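Asker: Here is what each chain is made of, one letter per residue.
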Amino acid sequence: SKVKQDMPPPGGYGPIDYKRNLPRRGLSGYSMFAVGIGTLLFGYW
Amino acid sequence: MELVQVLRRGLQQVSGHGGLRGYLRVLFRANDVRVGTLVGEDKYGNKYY
Amino acid sequence: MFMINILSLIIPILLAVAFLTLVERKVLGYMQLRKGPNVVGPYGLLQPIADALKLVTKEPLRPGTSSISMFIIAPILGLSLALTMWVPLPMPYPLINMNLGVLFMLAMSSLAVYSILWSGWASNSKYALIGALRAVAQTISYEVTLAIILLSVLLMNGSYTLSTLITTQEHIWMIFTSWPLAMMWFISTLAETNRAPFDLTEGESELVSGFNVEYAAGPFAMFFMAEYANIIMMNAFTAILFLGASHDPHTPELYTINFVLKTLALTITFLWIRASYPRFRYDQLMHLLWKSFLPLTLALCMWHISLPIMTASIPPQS
Amino acid sequence: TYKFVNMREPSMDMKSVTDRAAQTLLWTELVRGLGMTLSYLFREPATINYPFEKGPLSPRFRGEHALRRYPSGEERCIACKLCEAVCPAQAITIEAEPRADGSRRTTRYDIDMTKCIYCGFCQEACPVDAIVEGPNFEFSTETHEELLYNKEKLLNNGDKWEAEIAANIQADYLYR
Amino acid sequence: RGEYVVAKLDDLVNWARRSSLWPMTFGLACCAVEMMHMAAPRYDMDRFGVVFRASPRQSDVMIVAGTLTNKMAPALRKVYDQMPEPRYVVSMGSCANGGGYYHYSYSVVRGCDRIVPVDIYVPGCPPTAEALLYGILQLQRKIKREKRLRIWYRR
Amino acid sequence: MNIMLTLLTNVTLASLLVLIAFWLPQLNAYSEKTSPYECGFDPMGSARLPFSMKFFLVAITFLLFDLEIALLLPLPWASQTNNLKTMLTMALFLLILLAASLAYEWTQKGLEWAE
Ligand SMILES: CCCCCCCCCCCCCCCCCC(=O)OC[C@H](COP(=O)([O-])OCC[N+](C)(C)C)OC(=O)CCCCCCCCCCCCCCCCC
Ligand code: SF4
Ligand code: SF4
Ligand code: SF4
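Residue numbers (PDB author numbering), protein chains in the order written: chain 1Z, 4 to 48; chain 1q, 1 to 49; chain 1H, 1 to 318; chain 1I, 1 to 176; chain 1B, 25 to 179; chain 1A, 1 to 115.
Treat the hints with caution; some may be incorrect.
Mimicking DSBU-like on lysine-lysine, the simulated pairs with C-alpha atoms at most 30 Å apart in a straight line are [what the hints assert, rightly or not]: (1) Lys3 (chain 1I) / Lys43 (chain 1q); (2) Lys43 (chain 1q) / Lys81 (chain 1I); (3) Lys15 (chain 1I) / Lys81 (chain 1I); (4) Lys43 (chain 1q) / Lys95 (chain 1B); (5) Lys15 (chain 1I) / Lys291 (chain 1H); (6) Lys32 (chain 1B) / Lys168 (chain 1B); (7) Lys33 (chain 1A) / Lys95 (chain 1B); (8) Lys171 (chain 1B) / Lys102 (chain 1B); (9) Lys291 (chain 1H) / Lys33 (chain 1A); (10) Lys15 (chain 1I) / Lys47 (chain 1q); (11) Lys43 (chain 1q) / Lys15 (chain 1I); (12) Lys32 (chain 1B) / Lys151 (chain 1I); (13) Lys166 (chain 1B) / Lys47 (chain 1q); (14) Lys15 (chain 1I) / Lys151 (chain 1I); (15) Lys168 (chain 1B) / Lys33 (chain 1A); (16) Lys102 (chain 1B) / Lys166 (chain 1B); (17) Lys168 (chain 1B) / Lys54 (chain 1I); (18) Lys166 (chain 1B) / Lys33 (chain 1A); (19) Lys166 (chain 1B) / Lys126 (chain 1H); (20) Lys22 (chain 1Z) / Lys15 (chain 1I); (21) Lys43 (chain 1q) / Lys32 (chain 1B); (22) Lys3 (chain 1I) / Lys22 (chain 1Z); (23) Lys126 (chain 1H) / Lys33 (chain 1A).
Bear in mind the hints are in silico, worked out from the structure with no lab data behind them.
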């Protein structure tokens, strides 16, 4: 019988992510200010 | 129709405990109403799922 | 019959506070990948009862260095103010219908700062007094923005009558007309109820429990009830002020359902802030109020005085 | 090799400055935090329904001690005192003498479970697999005295838990 | 007779007292981290009504989680005295139980029970978070079987 | 008067909750139990700890701002005048003076929590 201990798989393990991943999401500041201004305008009207 | 299946699974949890009395028994004893597979029962009365 | 009205206002509010404790614990638990109360009763529905019963049978240690007169007056004042804040609220029709309802709320909530100034002073211990002074300074500083924001918003209402807010917001929410003031008002309300990153007087990791260290069991419970009643009341005021619900005079239950749902949503947001942010420093929140909120509030009060005049959109005063 | 953690300068043009002004005035990263908590509220909690559900363990788990026997019912302990010698906390007290049948057996075998650090050195030192740390971890007591174990107590622990103790040993002895 | 009413009232008060066991975080050493692991989502001590509490004035149980040294014992007894009643003490880990690894040291008190009365002794170094949770539920069952009002009725 | 009855009920029920809260529990008190809480030790009284001019200055500045707010509260009825240009001029005047008080406190140290 051959030896049998805890070993990596023959092809190794798949890659593991470690780098930071904070996705970019949202609109630009121009869009936010335009929306905020238009909301107030319609409210006023 | 997926929320329909969620409600059906809850209702089958009621039916899967042998009625409302059995459903409330396991709700108030174990604080849980999941229906599992019975793997066995020991000589002391404990049931294992 | 009016006495029955008072009772059927007060008692359900206290019950709502009791179960707000459970709701807050469960929301915090589920935001933290845990469950929260789910053993004591079905889904923890008997947990507030267990807490109330355990507290009233626990020994209420009173300090040896405590002026007991104010030591017991402070919870009475706190709870009486917290309850009386609901009497002008226009769930469709108010219990008390005043011309100056929101002025009445401003005054009553400004009297609530005494319950900390008296509890910290009465508890002695020479250190809870400093926390009480910090709490009082925070409260009075945010009273400024509360008052000015309320002033600017009500320039579309035309009066201090809260029933007129329903009429003002018939076609559109007041949020669509004053959203910046809405954000500043909401954060000011957060800060006034000593909640969220503004909970400096009861910093669990800053001063353990601050002004409430010496209070235990029963008086602690009543202080807690006062704070949570103030939380729900402030969220109800916010919903009525900014998210006015449509009113049917022949079906006021629809307005009540709308208002209750919106008040619950705002309260759940209050609990949502608690689970998401770190705590402001005392000087940091004072800087926020005095150098960020106050200039914008002054500018927006100016804007909201100018706006109805220059657009011929001044509301009626009746 | 190294890397810088906070060595980025913000851009100073119209669009970036307006982005930061909108982030300042509209509380956008605070909204990201609210979104993260809201996303966690709709995730299944990691809580298990104790005691109806139990935390997962391994055959190597070191819990309550037990004294074991041979299939004949004879004790395994031959009172070599290796476990007592190696015990880091000096939690093991042993007295021995020739038994009436001549066997080398203990007359005292005490473990101060409040001295014990549950390191498992005793079951490593033992040449006959007599003393073991069993799988039991729910044996809290209402008094200090019930945690000062006797030879009778440890033998009753062995007779109580041998069925699963032996299975654990069979699972892990090839690593030992 | 009137002993049925007293028994029911005792049952009610003892259900309310064990359903809101608010403990005090006395984390001295390694046993402190397994106790906040029993706090963690996997075990979620809050689901039993066992909250994360604060100053001893609102605490019902003291958990001595870690080694008590001679320098530290007066503070532990002080905060134990400051707890309102009824109050309970759980000794968690070998160090708090009977000294443990440091039993023969010049600076370690051999068991917190030399300083305070202890209700539950949780063994282990450290006890697993599940072991501490078992000790907490065992304390709850201790509270369930108290007969304070029935003792008073036969006085 | 309905409001008086409401206040009486609120105060009465709060005091009744005090009475149940502060008399119903079973008590057993000794000297070291009610000792002031200081995280496991005894507190020092020292001598008039609540000091520092900044706590008093924020109170005074709040007082003056609150007085100007008292001057601003009649504004909802003030917009109902035919002489709207004078009223707008005076309301904006009061608000500029509020802003000027804030700015003067700001620039001359004022609002700062110094060393
Ligand atoms: C034609 C139109 C004319 C009128 C135009 C009106 C103006 C429109 C543009 C203005 C937009 C900004 C309005 C004010 C926003 C706040 C001001 C401020 O100081 O912000 C930055 C301030 C300070 O930010 P800071 O600390 O980054 O900046 C301080 C100053 N510097 C830059 C020098 C360092 O931040 C806050 O106020 C933070 C609040 C903390 C609590 C966060 C709570 C999050 C959850 C909110 C939920 C939604 C609330 C409302 C709910 C519903 C209520 C009904
Ligand atoms: S587990 Fe370690 S400390 Fe405990 S008896 Fe065995 S050798 Fe001694
Ligand atoms: S238990 Fe094992 S190591 Fe200890 S005395 Fe007996 S045979 Fe020796
Ligand atoms: S019993 Fe063990 S784990 Fe707990 S404090 Fe002592 S040495 Fe650390």
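Asker: Now, for every hint given, state plainly whether the structure supports it.
Answerer: So, going through the hints one by one against the coordinates:
Between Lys3 (chain 1I) and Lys43 (chain 1q) the alpha-carbon distance is near 63 Å, which puts this suggested pair outside the 30 Å criterion. Note on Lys43 (chain 1q) and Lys81 (chain 1I): the hinted pairing is violated, with a Cα-Cα distance of about 39 Å set against a maximum of 30 Å. Using a Cα cut-off of 30 Å, the hinted pair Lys15 (chain 1I) and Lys81 (chain 1I) is violated, with the two alpha carbons roughly 78 Å apart. Taken as a hint, the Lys43 (chain 1q) and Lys95 (chain 1B) pair is broken in the structure, with Cα atoms around 52 Å apart against an allowance of 30 Å.
Restraint check for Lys15 (chain 1I) and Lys291 (chain 1H): the C-alpha separation of about 25 Å stays at or below 30 Å, so the hint holds. Distance hint between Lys32 (chain 1B) and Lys168 (chain 1B) is fulfilled; the C-alpha atoms sit about 12 Å from each other, no more than 30 Å. A hinted pair counts as satisfied when its Cα atoms are at most 30 Å apart, and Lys33 (chain 1A) with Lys95 (chain 1B) qualifies at roughly 21 Å. At roughly 28 Å between alpha-carbon atoms, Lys171 (chain 1B) and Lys102 (chain 1B) fall within 30 Å of each other, so this suggested pair holds.
Restraint check: the Cα-Cα separation between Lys291 (chain 1H) and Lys33 (chain 1A) comes to about 45 Å, which exceeds 30 Å; the hinted pair is violated. A threshold of 30 Å between alpha carbons decides the hint, and for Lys15 (chain 1I) with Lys47 (chain 1q) the separation of about 66 Å lies outside it, so the pair is violated. Under the criterion of a C-alpha separation no larger than 30 Å, the hint pairing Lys43 (chain 1q) with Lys15 (chain 1I) is inconsistent with the structure, at around 74 Å. For the given pair, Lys32 (chain 1B) sits about 44 Å from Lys151 (chain 1I) by alpha-carbon distance, which is inconsistent with the 30 Å threshold.
With a C-alpha separation of about 26 Å, the suggested pair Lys166 (chain 1B) and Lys47 (chain 1q) falls inside the 30 Å cut-off, and the hint holds. Of the pairs offered as hints, the one joining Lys15 (chain 1I) and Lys151 (chain 1I) is violated, with about 79 Å between alpha carbons and a cut-off of 30 Å exceeded. Only pairs whose Cα atoms come within 30 Å are accepted, and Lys168 (chain 1B) paired with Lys33 (chain 1A) is accepted, the gap being roughly 26 Å. Only pairs whose Cα atoms come within 30 Å are accepted, and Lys102 (chain 1B) paired with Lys166 (chain 1B) is accepted, the gap being roughly 25 Å.
A distance of roughly 24 Å separates the Cα atoms of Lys168 (chain 1B) and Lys54 (chain 1I); the hinted pair therefore holds under the 30 Å criterion. For a cut-off of 30 Å, the pair hint linking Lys166 (chain 1B) to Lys33 (chain 1A) stands: about 24 Å separates their Cα positions. Note on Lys166 (chain 1B) and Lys126 (chain 1H): the hinted pairing is violated, with a Cα-Cα distance of about 39 Å set against a maximum of 30 Å. With a CA separation close to 27 Å, the supplied pair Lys22 (chain 1Z) and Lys15 (chain 1I) stays within the 30 Å bound.
Only pairs whose Cα atoms come within 30 Å are accepted, and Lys43 (chain 1q) paired with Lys32 (chain 1B) is rejected, the gap being roughly 34 Å. Among the hinted pairs, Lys3 (chain 1I) with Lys22 (chain 1Z) is consistent with the structure: their alpha-carbon atoms are about 12 Å apart, no more than 30 Å. Between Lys126 (chain 1H) and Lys33 (chain 1A) the alpha-carbon distance is near 18 Å, which keeps this suggested pair within the 30 Å criterion.
In summary, the structure is inconsistent with hints 1, 2, 3, 4, 9, 10, 11, 12, 14, 19 and 21 from the numbered list given earlier, while agreeing with the others.
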